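Only one chain is included here, represented as structure tokens and corresponding to the form deposited without the ligand.
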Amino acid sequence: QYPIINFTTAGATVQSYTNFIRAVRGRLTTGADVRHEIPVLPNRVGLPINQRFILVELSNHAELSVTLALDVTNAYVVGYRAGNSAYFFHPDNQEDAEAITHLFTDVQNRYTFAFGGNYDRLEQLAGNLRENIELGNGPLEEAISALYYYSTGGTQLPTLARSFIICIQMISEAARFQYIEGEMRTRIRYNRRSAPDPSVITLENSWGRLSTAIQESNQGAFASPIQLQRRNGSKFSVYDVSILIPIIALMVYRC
């Protein structure tokens, strides 16, 4: 069925992770589809089921493994498989409902959470904001383990939510943003974990609005400014696709 990109946190390097994110990006795109120089993800509408998802297999030094499912339209995690069991975030509608039934068809245990995978919800359940959750190879190593143990009852809900937040940001947000990909690279480089600062968070928050601004722009000029934050929380605006070329690697389809 769907394509699989493999990644292991064990002895992971900057090159190791960079090849992984490139590979991941490569599988989302491309229809040679570029608006104002930023690649655009496939349009949800009319998309055949078999082009809908990509799988990401993750494993750690303990040889524990899980597989994440990402929607090619938003590059967001919709759920995961570990062994006999598969879990899914709550679908926003029946179209997305039906869609996810094509994932992990062999898995003998299927579960769909009552809650979605949006940050607001996951932060509540984790007992922490993205601000207070650390990222890096270590946090990811653990997240894999936490998901693996979830079906046997070895993982507390807050720990699971926390583990989702780690995966989404280190995989989805990383694929969406070369800028976020780079922040992760640094953590791996120095073999340290840290929580993301406002510059990462406001980007994540604004991915949809930037997608719109860019695709609906005039010759690259934003109809209206998008305000972001710097590391110290100071606000600034983006008026043009130009400055975002090196920043954002992908966009959800708009128009």
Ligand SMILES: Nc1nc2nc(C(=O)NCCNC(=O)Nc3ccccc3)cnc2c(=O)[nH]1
Contents of the next structure:
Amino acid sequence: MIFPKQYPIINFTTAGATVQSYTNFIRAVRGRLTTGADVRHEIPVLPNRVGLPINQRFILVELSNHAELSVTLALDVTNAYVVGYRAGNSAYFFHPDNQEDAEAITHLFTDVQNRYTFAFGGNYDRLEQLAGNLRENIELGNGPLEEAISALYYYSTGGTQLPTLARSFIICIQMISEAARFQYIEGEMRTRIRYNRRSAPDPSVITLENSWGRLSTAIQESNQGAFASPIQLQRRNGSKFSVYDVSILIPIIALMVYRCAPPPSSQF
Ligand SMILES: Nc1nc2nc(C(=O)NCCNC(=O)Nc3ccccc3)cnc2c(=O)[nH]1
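Having seen the form deposited without the ligand, can you show the form solved in complex with the ligand?
To see the whole picture, the full complex is given below, headed by that same chain.
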């Protein structure tokens, strides 16, 4: 047999990548993460986890290498989170947050011979501890990505040490999930690809990543766009930047996590 559907796959390679091919990739990931059901202040909202059928729950990102290697990451559509990956005959999942997530990930990579669930979760704090480095000290760009794809591919066979695996996840998550979430972070990665120059993320990138949930909730709870409480971000040079309203974020955030139902008066 072969029980219906199967999750959408988007392909990207680091080999010969360009600003245009990376832009096409991120646009496609955003297109599979959202449905068009839910747009607030011109900003798409991800599907609500509540009642979402398991057949619509994930997307697959197949990454390949100039080294001719390929790994497939699985992203949860509710939050763009990388929940695990497959490399040939092994799959690995981060420790699930709850029982319902544990069941859901049994629907991924269902014919791999070897399935493992890490005993650690996949949040940045945990991965930074394992990597022995913070995000601010881990270079991003097309070279880091090419190297991360090889690292994930060789984990099975003892080639990749834990610290290097956790660093490689840190690279993938920011270059795929965070770029999908934020046009600003997609733009940061386009710069590094255009000049083929790797560099660690500056405070503007890091404070956006750390603030995604808070900004999603502040936008969704706003009064016609106005925040009850401002949110402080940082500029590139580390100086503070106060956000009072959704308006200044329209060019910056591309997707929000679903927090609250939209109040009457906005998709009519
Ligand atoms: N594996 C993984 N790990 C990740 N870890 C983080 C991370 O710690 N974020 C720091 C906390 N920031 C934040 O507002 N989080 C958030 C809010 C709602 C839903 C998901 C994340 C982000 N993305 C990812 C991700 O996309 N995949």
